[PDB]
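Read the single chain below, which is given as structure tokens and is the form solved without ligand 8G0.
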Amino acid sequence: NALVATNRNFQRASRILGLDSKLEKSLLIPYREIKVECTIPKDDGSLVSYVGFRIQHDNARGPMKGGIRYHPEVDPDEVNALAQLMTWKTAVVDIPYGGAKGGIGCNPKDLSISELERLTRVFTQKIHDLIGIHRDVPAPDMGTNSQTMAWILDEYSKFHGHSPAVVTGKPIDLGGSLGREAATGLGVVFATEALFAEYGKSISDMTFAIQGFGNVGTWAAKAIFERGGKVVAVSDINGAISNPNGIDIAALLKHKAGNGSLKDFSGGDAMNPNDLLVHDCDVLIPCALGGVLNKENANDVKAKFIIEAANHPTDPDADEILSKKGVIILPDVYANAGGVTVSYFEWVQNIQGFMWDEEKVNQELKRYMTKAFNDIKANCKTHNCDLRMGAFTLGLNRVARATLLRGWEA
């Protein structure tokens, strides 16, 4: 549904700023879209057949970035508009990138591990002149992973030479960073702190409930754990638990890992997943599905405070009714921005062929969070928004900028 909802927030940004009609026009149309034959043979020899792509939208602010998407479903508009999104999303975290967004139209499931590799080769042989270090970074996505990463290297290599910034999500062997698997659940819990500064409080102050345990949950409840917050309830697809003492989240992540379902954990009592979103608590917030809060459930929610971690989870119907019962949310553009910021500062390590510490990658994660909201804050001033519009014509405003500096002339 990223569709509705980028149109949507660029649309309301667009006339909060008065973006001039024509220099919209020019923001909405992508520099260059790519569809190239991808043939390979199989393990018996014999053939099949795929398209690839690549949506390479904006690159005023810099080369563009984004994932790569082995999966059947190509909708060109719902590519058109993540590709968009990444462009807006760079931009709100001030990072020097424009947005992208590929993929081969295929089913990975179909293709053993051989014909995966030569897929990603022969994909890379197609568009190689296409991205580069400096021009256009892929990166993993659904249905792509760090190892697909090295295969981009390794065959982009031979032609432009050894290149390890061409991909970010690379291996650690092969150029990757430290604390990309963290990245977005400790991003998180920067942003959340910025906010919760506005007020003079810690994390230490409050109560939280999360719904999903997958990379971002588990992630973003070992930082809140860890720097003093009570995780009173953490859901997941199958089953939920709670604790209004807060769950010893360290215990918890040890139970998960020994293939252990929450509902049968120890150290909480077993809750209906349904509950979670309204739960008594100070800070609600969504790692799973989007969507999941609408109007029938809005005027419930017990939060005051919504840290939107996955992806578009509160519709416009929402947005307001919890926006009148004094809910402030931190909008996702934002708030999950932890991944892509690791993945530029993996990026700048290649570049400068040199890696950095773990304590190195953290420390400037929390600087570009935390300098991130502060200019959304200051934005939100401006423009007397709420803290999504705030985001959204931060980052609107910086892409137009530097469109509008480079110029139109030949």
The other form holds:
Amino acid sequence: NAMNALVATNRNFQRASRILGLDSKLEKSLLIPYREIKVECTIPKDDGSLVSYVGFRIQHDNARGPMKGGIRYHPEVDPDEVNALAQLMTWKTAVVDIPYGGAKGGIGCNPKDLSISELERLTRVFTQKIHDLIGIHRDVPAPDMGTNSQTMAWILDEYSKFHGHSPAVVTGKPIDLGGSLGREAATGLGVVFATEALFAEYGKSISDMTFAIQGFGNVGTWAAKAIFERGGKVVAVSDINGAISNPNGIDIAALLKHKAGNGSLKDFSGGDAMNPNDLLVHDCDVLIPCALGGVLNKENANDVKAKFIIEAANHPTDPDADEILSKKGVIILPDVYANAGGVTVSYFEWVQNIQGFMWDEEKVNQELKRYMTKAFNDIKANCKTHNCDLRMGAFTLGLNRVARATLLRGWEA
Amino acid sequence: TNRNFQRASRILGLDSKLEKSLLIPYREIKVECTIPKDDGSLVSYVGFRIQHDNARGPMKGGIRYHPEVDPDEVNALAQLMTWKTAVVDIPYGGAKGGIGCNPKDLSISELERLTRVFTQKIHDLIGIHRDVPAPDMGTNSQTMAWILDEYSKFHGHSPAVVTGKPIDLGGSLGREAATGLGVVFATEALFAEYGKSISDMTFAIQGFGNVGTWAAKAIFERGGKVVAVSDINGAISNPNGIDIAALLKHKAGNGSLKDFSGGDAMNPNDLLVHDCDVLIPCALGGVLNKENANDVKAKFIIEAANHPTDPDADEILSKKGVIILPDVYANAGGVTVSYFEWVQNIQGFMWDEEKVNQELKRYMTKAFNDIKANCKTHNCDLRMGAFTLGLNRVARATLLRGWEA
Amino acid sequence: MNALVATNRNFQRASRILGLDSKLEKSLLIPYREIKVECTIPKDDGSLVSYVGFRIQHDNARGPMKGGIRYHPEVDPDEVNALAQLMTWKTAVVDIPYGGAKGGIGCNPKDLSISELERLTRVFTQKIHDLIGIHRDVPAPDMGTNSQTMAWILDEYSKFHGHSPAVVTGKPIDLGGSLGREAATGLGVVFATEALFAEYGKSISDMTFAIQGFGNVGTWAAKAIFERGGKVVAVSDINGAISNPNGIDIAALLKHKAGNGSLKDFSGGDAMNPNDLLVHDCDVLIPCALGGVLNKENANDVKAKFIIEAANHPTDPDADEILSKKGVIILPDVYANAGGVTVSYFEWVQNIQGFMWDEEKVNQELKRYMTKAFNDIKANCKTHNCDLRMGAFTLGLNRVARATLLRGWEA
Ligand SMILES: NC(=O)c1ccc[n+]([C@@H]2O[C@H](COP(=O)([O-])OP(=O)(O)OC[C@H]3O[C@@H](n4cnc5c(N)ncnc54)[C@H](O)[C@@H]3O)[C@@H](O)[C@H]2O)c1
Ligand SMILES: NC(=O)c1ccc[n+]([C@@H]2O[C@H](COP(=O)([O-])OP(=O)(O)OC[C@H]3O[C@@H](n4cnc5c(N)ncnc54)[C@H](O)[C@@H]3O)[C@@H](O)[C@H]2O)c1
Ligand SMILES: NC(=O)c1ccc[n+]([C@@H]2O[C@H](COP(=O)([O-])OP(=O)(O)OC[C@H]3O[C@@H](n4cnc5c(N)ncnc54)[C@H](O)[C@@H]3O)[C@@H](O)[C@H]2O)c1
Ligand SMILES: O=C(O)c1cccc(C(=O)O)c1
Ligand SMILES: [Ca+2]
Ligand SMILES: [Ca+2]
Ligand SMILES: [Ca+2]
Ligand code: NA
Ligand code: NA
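Next up, can you give the form solved in complex with ligand 8G0 of this protein, since the form solved without ligand 8G0 came first?
Complete assembly follows, chain above in first position.
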């Protein structure tokens, strides 16, 4: 069903470039990634047998600063997916106006099939194969799907053997190893800040709406929690194993405790088991994909019931679906704004580390709000000047900023 | 000592294999330091650096120029600095080093050459984010200036590479007063927990040096009544409280305590058993023992000197309901401000004195609250609450980092 | 030779007030390092041109070196050395943790296209990348260079060492430049003046001002004085001058200028002899234009009680003597115009901290630095029973001398 992820993202890039009127020589330069790296990651399993993976780091653009983006452990990781995500990082960092470029990495593995000692070895080997290509002022990784703060701990620890203690080389670290308060919740919280800014334009509140949510990991859990706390009615949640629904609202706080006690969604007592394939076409006001990309496509977009889609996941909606949904009257808050809370707080974590001195947690949340509000106000204005939809409003905002810094740096050797 | 670490480890439930790792220093270094004397003849010494642990950050710790060098003591002191940095939540581990020499046999140009050669021999083993030396017995801010200057030849201008620098070369404001003022901030936090205030308390202070003078000044300006003060030479007392400003002006004029006109001269041997609410040992260790602990009148003991109270006195004083703020925490103002010095250097932008003392108060207050919460968790006294808090923080960082190669 | 004569004289006088040892003095006058490098590029037509680039690194006892890059065909090593040495004293006066440097390329930028300038800037950076750096020596714009030049240096240097925003100042804001730079010098002039006047329990609004020069310094100084209730009664630039004894409306004058009006055509004042500027009736004179304008032939006719030296070296030694004798208080240039270098320090700090300040913070920090430095200068004048120029130079020199002596001399 999914359209190729890089095809889809390049169509969006082209659409934004045509709005800005970029010439084709500058456009070509901004499309092509600065550097693509593929490296062998081979480790012994716990029984001593060998397994070989290919690890990727795509460094898409560094005109606005060191490159930034997470590392994904997932069986569908491939060069196309990583190139698409790295490119999106470049635009997203420029949308929230933090001094980073864009990058992304990953390994095509299934963490569920690997022991924790095997994941550690795989993470350290991957770090050994890319340490020369990343760095505090060069490219700063972070967690994405299938990774978490413990993953980043291992990267920090292995990288520091080659370059000395380097807290700022990775973000999403545990608090005890230099992480920032607020970073774990930042993406889902940022999704809610972005949603609140949007709904304010319609005079609506989150407490007026019903929500369906696909995915229930780092982004989905914190997003659902924050919506729930503000009085939103979360009527359906899915993950890779099952789904749960309740037209009166799921008690998300109880769903999260159930999950932490290792329960499956479909066994939750406060809801009805649901086929997860029904999630995206479920009746709701607001749909929030928090899992894979490309899941809203030509084949299901006409059966979406929501009036709003908040892109918490990266590129959940492909260009075919964009157009179908636009004709249905659906408003889509794009990934390159809505899920930017995470990289924004990663920036604060990095600042705190290089300043050698941590901020109070209230400053982290004060600034997150300030950055997400400023960026929504920039997107609004850009939509007005370019008479475009929210996706292109944000995409052209970031692309234009990246073009401006690239031209400023020049091209002579 | 060994058994104490074991009780802390067991209170926390640490695995024996983790215990073993935490007791093995990260790295131990001995290097030849040979220099020409002023007359051109050679002298050879051995310099050393024990780098105990860096789970929580770069190591840090003093450089001792002293002839008696016991390897086991140097190891123990490095380890203690690992716990201490963790108690006050600053991002370092512990280290200790020095040179086995007698600085009284060396001219000032010989000491400089010795310091520079030593730095030449260890420059690859230290650094702003690796190991950050500091002054100790036999060394001072001039020693640190010479390390900075020589180290910077190898790695470029690196002010954060040592602490205790002169202000002209990036030292922090507030460094002189940091330990004694920190003692007072710690006491303010302790007292607030029991609902008490400096201004309602009487204090007896043993020792009137860098710590005692600043601690007394800070208490005095907060309305505390300093009713007794001693040093090695004598002692002075006044039940209505000594005018500490006038006593400090008197000390400064080369005046001795006993001849201070604003008080009644006292036998220094009477200091620890003096009537008072708070006793502050700021001089020597080993002063409260089995033979005199039952005679302490204070209900609070603020340990600024290192290990003033031995185990027998701890137990005697607990039976008496006396609360003892332990040295590892109470005197940590100095090491906390040395962190702030590193931060200021790293950021290339100095703090004014108000900001240094604000951050000092914030760190000392949050660390007391952390110690006390840890006491409630493990139902233990402040001494062990502080030890277990530092130890557990190091263990937690070590476990998060992992063990695979 | 403007900067050579001023700095050497002032250095020598300050050295003697302090009683510095002669061997220390000798060391302090020798620069740490002098570098000249060949910079050869192809022109747009592919033919070669070869220039000599240079960097004098005078002293780094108090920190990394700091100073401008001049693209300019006239290079006398003597003057460049003096400029680099003067930055060493100047950074010390305002308690900035830098030493002094000065560099450039012996070229005429008007003979070069914009792509040729970029290639030259990049080749120069290739030839000095190993000698500069964030904690080693931090260049900045100067005559013939600008923030675009700095962007090119940053870009090329980062190829050798990674993103290094703090390696230069004066950057475009898009690449880590600081807010508040344009107003920095003129606003700093007013902060220094406010500190000075407080010693008399007086304020800007008590005073009448005559301002010579109306460019980057003069406009911002005039603006800040006017908004502080100061009465600007005369202003000159190179083409003419105007006076108004009830105060020129600086707001309206700025509008006039912004509309391409010539100063002398502003209707809100009377025509005046631009020579009568320095000797105009006023309480405060602020030379903001040229060096060498107060000399033994006009110093006796100055009417101001206060001279605030914003320009470089507006007052020659003879005038300095005459004016001290008439009781005139002179706030010296090494201090008074230091807002520019102070904000460039703040830019480096922001880049090092990875996080830019808003303009209010910059201006708050600028005022703190300029005020503290006045207070330190004034304390030194009391200690040494000397005028403000020597109080400044003794302050900066003693800070460098102390840092040097502490670092030591053994190998
Ligand atoms: N982690 C961050 O800070 C962050 C920031 C910005 C955007 N994102 C994006 O958010 C998305 C989720 O990331 P995460 O960190 O929450 O990952 P995660 O590994 O923490 O969780 C992934 C979740 O998605 C579910 N899922 C996987 N495949 C599914 C499927 N086919 N159908 C339904 N559910 C499925 C998993 O079961 C799990 O609940 C990704 O697109 C990621 O790139 C992450
Ligand atoms: N980071 C740390 O662990 C740290 C920091 C600072 C000080 N300290 C502890 O504090 C103690 C005091 O430090 P300081 O810098 O103030 O020392 P100091 O040398 O400045 O002053 C010591 C004072 O103790 C007095 N004294 C010495 N022997 C005495 C005795 N027998 N009876 C009474 N008074 C006596 C001296 O006369 C002097 O007044 C140190 O010895 C150390 O134990 C530890
Ligand atoms: N040392 C420092 O850090 C520092 C910093 C900034 C400026 N300055 C000095 O301040 C002065 C002015 O700098 P700026 O940025 O305002 O320059 P600018 O070029 O922006 O303005 C110069 C002004 O002087 C006027 N002028 C020129 N020749 C004149 C003459 N003969 N009589 C009267 N007015 C004349 C011009 O018309 C213009 O109004 C210069 O001496 C400059 O070097 C020093
Ligand atoms: O840099 C980050 O923190 C990060 C981590 C994971 C995902 C993203 C993203 O923006 O998609 C950013
Ligand atoms: Ca160990
Ligand atoms: Ca010299
Ligand atoms: Ca040649
Ligand atoms: Na000799
Ligand atoms: Na050409």
